[PDB]
Amino acid sequence: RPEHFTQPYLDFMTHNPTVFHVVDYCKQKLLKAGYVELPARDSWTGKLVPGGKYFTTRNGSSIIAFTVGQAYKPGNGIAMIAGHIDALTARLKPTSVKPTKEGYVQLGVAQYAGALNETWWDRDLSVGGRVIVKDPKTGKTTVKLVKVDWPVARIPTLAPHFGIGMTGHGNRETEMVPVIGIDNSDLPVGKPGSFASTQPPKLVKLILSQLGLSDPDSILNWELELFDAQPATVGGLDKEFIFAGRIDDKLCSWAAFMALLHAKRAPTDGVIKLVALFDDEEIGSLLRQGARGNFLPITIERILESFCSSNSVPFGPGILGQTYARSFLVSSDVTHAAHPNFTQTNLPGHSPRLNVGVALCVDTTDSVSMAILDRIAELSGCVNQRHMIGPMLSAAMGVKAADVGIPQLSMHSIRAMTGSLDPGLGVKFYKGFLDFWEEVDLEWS
Amino acid sequence: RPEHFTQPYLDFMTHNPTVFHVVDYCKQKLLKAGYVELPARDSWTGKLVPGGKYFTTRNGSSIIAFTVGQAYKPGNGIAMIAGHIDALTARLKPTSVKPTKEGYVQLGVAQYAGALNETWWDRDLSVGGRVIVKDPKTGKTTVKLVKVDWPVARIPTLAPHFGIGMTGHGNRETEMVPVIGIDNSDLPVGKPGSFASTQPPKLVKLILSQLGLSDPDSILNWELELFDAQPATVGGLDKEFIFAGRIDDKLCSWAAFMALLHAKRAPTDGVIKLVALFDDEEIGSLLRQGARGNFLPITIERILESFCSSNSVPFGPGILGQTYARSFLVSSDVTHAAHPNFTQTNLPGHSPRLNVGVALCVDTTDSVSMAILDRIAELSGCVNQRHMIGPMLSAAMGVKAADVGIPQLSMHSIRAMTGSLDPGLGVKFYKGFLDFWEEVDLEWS
Amino acid sequence: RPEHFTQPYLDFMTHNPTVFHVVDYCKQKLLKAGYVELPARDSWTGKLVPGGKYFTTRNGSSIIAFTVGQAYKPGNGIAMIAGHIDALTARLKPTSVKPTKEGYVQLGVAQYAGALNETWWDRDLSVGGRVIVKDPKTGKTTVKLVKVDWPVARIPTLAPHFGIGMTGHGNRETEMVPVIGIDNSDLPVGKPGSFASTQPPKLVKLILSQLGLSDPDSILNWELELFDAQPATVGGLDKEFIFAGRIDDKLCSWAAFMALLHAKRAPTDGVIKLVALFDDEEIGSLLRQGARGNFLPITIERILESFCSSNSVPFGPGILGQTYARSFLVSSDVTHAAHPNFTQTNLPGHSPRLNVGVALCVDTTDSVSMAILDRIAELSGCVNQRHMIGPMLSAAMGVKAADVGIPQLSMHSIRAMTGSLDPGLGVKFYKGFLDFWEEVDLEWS
Ligand SMILES: [Zn+2]
Ligand SMILES: [Zn+2]
Ligand SMILES: [Zn+2]
Ligand SMILES: [Zn+2]
Ligand SMILES: [Zn+2]
Ligand SMILES: [Zn+2]
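Residue numbers (the deposited numbering), protein chains in the order written: chain C, 50 to 236, 246 to 421, 427 to 452, 463 to 518; chain A, 50 to 236, 246 to 421, 427 to 452, 463 to 518; chain F, 50 to 236, 246 to 421, 427 to 452, 463 to 518.
The following block holds chain C by itself, in its conformation from the complex:
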C-alpha cells in the first residue's frame, strides 16, 4: 500500500502551489468524505456527537479536522498530529509594479521566509494565490483562488564571463528582481487610486480573465506568490525518488491528513482523532493561524465544552486537562535524510534513509515518547528511524508529545527530494498512531 500514495501525492504537490490551495484541497476531500464544517462565529455546543466528523478553518490557510470516537465521553484523550502547510515562497509586494528597465517588464516581490536562495535562479516561475474580489451581484466582499498555468516569471543569472559570479553578491532586492515580460517600445489599468493601478497591467488583465471579471475595480486586493512551475515527479534509475518543491512540511501535513481520512472508526474507539495543519511556521508560528496561536487550544476547548453540555457535565479546568493528560501530540516537520556528499553533517546511527520510514527527531521527543511511538510502529508494521544534528503546542496544552519527521534532502530548496515511498510510509505511521494511541496508553501506568 505505500506505493499507492505516490501519484496522489504527486498530483497534490503539482496542483496546489499555495497554502490557500492546500486548505481548499483538504476542505473538498473532507466534505466528500462526509465531514461537517464548524464555523467559528456559530455556536457548536449543541451539535457535536459521537461518531461525528468535523473540521474548522481560519483565514482559509489553517485547518483542523477531527473524528470523535463512538465510545467518546468528556475526559477522554485526544490523539492529535500537528504540521505546517506554508512553504518558503516569494510574495508580490503591495505595489508589485516596476519601471520597465532595458526593455524588460519586472515584478516587485519580497522573500517571505528567506526563500530566495541560490536555488531560485533560472527557474520557471508561475504565480498563484487568492484575490479579494467584490462580487458583481451581491456587493459582498469575497475571496477567490487563482493560478496561472504557464511560467510568467523568472530570475535570470548573469553570465560568468563578466567576472562576477552568476548569482552576483546575492542581494535579493537589487539583483533578484523577477522578469515577467518584454517592452521595447522606447525604440494604466483602473481609476488612478485603485489597487489595480499598483500592479503590472498584464498581471491584472490575466488575473481578471481567470476569474471571469472585466472591471479592474472589482479587485480590492490579492495575495499572490511565485512558485516553481515544474511538476512534481518521480526520478532515479528505478524511480525511487520524488522530485518536488515545497516539500518542507506539505509532505508531512499531506501524510497526516491522509492518515485521518484512512483512520479507523471502531465502535470501541473512545478518543478523538485530530489533525491540525497550521500556517506560518517558518516565521515562528505565532500569528492568528500559527501554531503558537490560540487556534488548536480554543478549538479543543470548544469541542469539550460542547460535549459537556450534551452530557450535563460542568466544563472547566480539569475536565480539560484530564483530557490533556490522556492525550498525545505528534508534531511533524520534515527531517534531514543522510546526505551522501556532506558526510560531515551525518551523525552516525542518527541519519535517516529514504524509503524506510519516519524518523523520530531527538535533541520534545524523550524516552517515554519514544517508547510509545516505537510500540505503535510495531503494531502498525512500521520501522522508526532516528534523526539528530511548532513543536510547542505541547507546552500550551501540557500534552505529552514527540517530534516526528519524514526524511528529506535539500530542505528549503525551491526543489527538494524524498523517496517515492516516503509519503505512503508516512501515511502508514500516522494512521498507526491515531488508531493505536488509546490502546497503547492503557499499556502504561
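Hints were generated in silico from the structure; no laboratory data involved.
Among the hints, erroneous ones may be present.
Derived DMTMM-like pairs: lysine to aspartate or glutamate, alpha-carbon spacing no greater than 20 Å straight-line [stated by the list, open to error]:
1. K150(A) x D273(F)
2. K297(F) x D173(A)
3. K189(A) x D437(C)
Which residues of chain A face chain F? A few of them, derived with a C-beta cut under 10 Å, are [claimed, not checked]:
4. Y161
5. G163
6. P200
7. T206
Derived Cβ-Cβ restraints for the label pairs, each shown as a range [as the list claims (entries may be wrong)]:
8. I452(C) x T401(F): 45 to 53 Å
9. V446(F) x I452(C): 37 to 45 Å
10. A434(A) x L344(C): 29 to 37 Å
Don't be surprised by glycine CBs; every beta carbon is placed ideally from N, CA and C.
Given chain C, work out where chains A and F with the ligands should sit, using these hints.
Relative to the frame of chain C, chains A and F with the ligands by itself:
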C-alpha cells in the same frame, strides 16, 4: 538555624544527580510530611479542603506542591515560588554504542544544555537516569530509577606536548567522546533489532543488575546522563564554602522546597502557599514540563475551580484574576556572586557576597516588588542583596513578581561553589515570603 | 599478580601528595624491609657488605636505594632504574598573604612547572608540604610533614554569561588566584617581622595545630603546595581505569620502587640492584637533587670505593667504568597511550595500549637496548610495547641505557588516567630487569 541546612543540602546534591531523582526526592519527603498527591487524570473538584496539603507531578521531572490555608476562600491570593531542577548535563544518544577505537570502548553522548565546556574534561563521570521497563508480571509499561555508584566514564585531555592544547579545538562530537572501558582483543545483548542492541553491552548488563532484571528485552528505552561522581562537600580554611556540581538552580529549588516544608500553617492563614519546580529552563522553558508551559496555570485553575464547587461559587475569569491580583510570584534562579579575579565583571553595589543572603536580581523585579521583599526580609530577620550585570509565569498569569537568587560562583561549571550558609539563608528568606506575604499585602493600597 | 598492586598504588597516590611525602613513604617501607640508611656526612668505607641493603637521601626529596648481591665483587655491574617523583604543582609564594578582595580571602601561589593549566580550574584543592620548625626542647632546626585533610583552596571559573570564556585569558597571575575563605567584615599572627606574618593567619594556625605547636614564631619557614584533594580511584565499566593526579612519574617511580622491594636476592647474584628517585625533572633536573646532578654518580663511586677498602683493591677510574661497562640504566618516565579522540597524534605501530605492559620509548633507546629489554621481557613473561612521537645519567656515567615508560593519557593534567593493571605490569617488568640483567649480559659478547 541556617547552618542546620548545610549537611542536608550536601546529602541532597550528592545522592540525587538527575532531574528524575530530584522529583523522587521531593515526592518522598512530601509524602512523609502528609501531602496528598493529585493525579492529573483524576477529578479534583471534590477533594480540596482548607488546611490540606497536596502535590502534582508531570513526566516525573516536574512537581508543584502547595498548602491551603485554613482561612482560605475562593478569591484569596497565592504566595508562590518557581524554580528549575534541570541542570547542564550530557545525555546518552539514542544509539550510545560506538566502535572500539585504539582499544578503548567509548560512549555516544549529546550535550543537553550546551553543557560540555572546558570544566568537563578529566572528571570522574558516573551515569544515571530513568529506565522504561516492561514488568514481566503485569505486562504494563513502567519507569524505574537507576544510578551507578562508581565512575564509569571519562573525557580525557590530550597532553600539552603535542602542540595542540589539552582541550584541542574543543569540538564536542569528535574530541569529547567519553571513554567507558578497555578492549584489547584485537591483539551483543538482545534480539538484533531491540533497544538493548543500540547500547554498550556492558552498560546494559550493569543497568539490568541494578534493577534486578535478567532479559535484555525487558528494557524498552532509558533516559541516562553523565554527571560528576565527586560528592558535594564543604571547603575552605573555615569550611565556609560548598563545592558541588549542578548548582544552577538545584540550590534555589531545594531551598524553596524546604521553605514550603518548614512554613507555618497558622489557623489565620488565608492564602495558598505554593512551590513549583520545573524542568528544562536551560532550554528556554517551554515544553510540557517547562515554565512557560501549561503546568502551573492549569493546576492553579483546577485548585480554584475545586474550591468553587465546594462553596457553590461560579468558576470563571475574574474569580481567577481576583486570585491573581492578590498573589505574588518569586521566580528564583541562582545569581552571580562577586568574582574576586574578574573584577571587570563586578558592578559595584550590585555584586552580592557569599553567606549574607538572597540577592534581588534587577535589569521582572521593580520598585514595588523590591519594596515588598525588602519588607518581608525585615520581618524574617534577613538582609537582601542586589544583583545586576522561568521569570515569565508572571506574564502568563499577570501576577506581581520578582526575580530572586542565591549568589554563586562558576555558574554552569560541572562543579560550582557557594557559601556553606547560603542554602540555609535561602530557606530562611523563602519561608519568610510564604509566611509573611499575606500580612504584607494588607499593608498596601 | 599485577592486580595485587592496584589498591596499594591507589593508597600510595591518595596519601602522599608531595615529593616530601613520597620520600617519607619510601623511607619507612625500606626501613621495615631491613634497609640501612647511609648518611652523607658519615664515612661508608667500612660498612658495606655483600647481601646488604641500603638507601640514601638528599633534601628529603630524593632517594637512592640498592641491594648488594651476595656474589658481588668490585668491578661487577649495576642494574639501575631512574625516575622522578616531583609532579606539576602550585607552590605557595614566600609571601602567600593577599588582600581580602570582594569578601574573599585569597592565597599567593606560583606555578612550579607551567602547572596551572585548564584542568586546574574548579578543583577541590588541599595543601601540604614540609614545615621548618624551631624545636622548643632542643633548640635544633628540624623539618616536619604537614597535610590538611579537607579542601582549603579553589580556583573558580567565571560564568560563560559574561562574554569572556570561563577561563578568561588564562593569565595565571591575576585570574588564577586561589580562594581560601570568606571575610565580609567590611559590611595578624606572629611578631610583625616573623615568617608567620607573611602568611594567611588561619593557614598558620591550622598548620600549627597539626604539628601540635602553640607559638607562631616556632615556624621559621615552610614549603607548601596545592594538590587535588580527590582520591585516586578505579573507574570504567569494569574498573579497568585508574583515575589519579600526579601520575607523571609517581607511577613509574612507585613501580620501580616496589620492584626493588620484590626483587630476588639469590646467593649467586653478582650485581648491585639500584633504584634512584629524583626531584625536579619538570625543571630540567639540574640542581642538587636533580638527575643531572652528582647525586647518583657520587653515591655509586662511594659504594664502589667502600668495597675496594674491604677487599684491599685500589679505587680509581677503570675500576669504576669496568663497573659502568657492565651496567645498564633503565630511565623510566611515563609515555603517551594511544588517544582515542586525537588520532592525528597516534603514530601507528608505536602508540601503546592500557593494561598490556611497559612501552619502550624511541626517538637513548636503540637496537642494542631494545634487544636486551625484549629479552628480559621474555624471561619475565612480559609484553613490551613501542612508543614514538632525565635519561641522561647515561651520558654522565657512560652506562648503556633505555627510556621505558608506562603508558598514560592526559599527561600533566591535574587528574590523569592509566589502566588498573598498569602499575602492576610495571613492577613486573622492572623486577624482571633487576633480576635478569646479569644473566642477559652474559648472553652477549
Ligand atoms: Zn523549514
Ligand atoms: Zn518545516
Ligand atoms: Zn543554568
Ligand atoms: Zn538557572
Ligand atoms: Zn612531566
Ligand atoms: Zn615525567
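Structure-based check of each hint:
{"no.": "1", "hint": "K150(A) x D273(F)", "verdict": "59 Å, violated"}
{"no.": "2", "hint": "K297(F) x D173(A)", "verdict": "12 Å, holds"}
{"no.": "3", "hint": "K189(A) x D437(C)", "verdict": "15 Å, holds"}
{"no.": "4", "hint": "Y161", "verdict": "15 Å, violated"}
{"no.": "5", "hint": "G163", "verdict": "8 Å, holds"}
{"no.": "6", "hint": "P200", "verdict": "4 Å, holds"}
{"no.": "7", "hint": "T206", "verdict": "4 Å, holds"}
{"no.": "8", "hint": "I452(C) x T401(F): 45 to 53 Å", "verdict": "24 Å, violated"}
{"no.": "9", "hint": "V446(F) x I452(C): 37 to 45 Å", "verdict": "43 Å, holds"}
{"no.": "10", "hint": "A434(A) x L344(C): 29 to 37 Å", "verdict": "34 Å, holds"}
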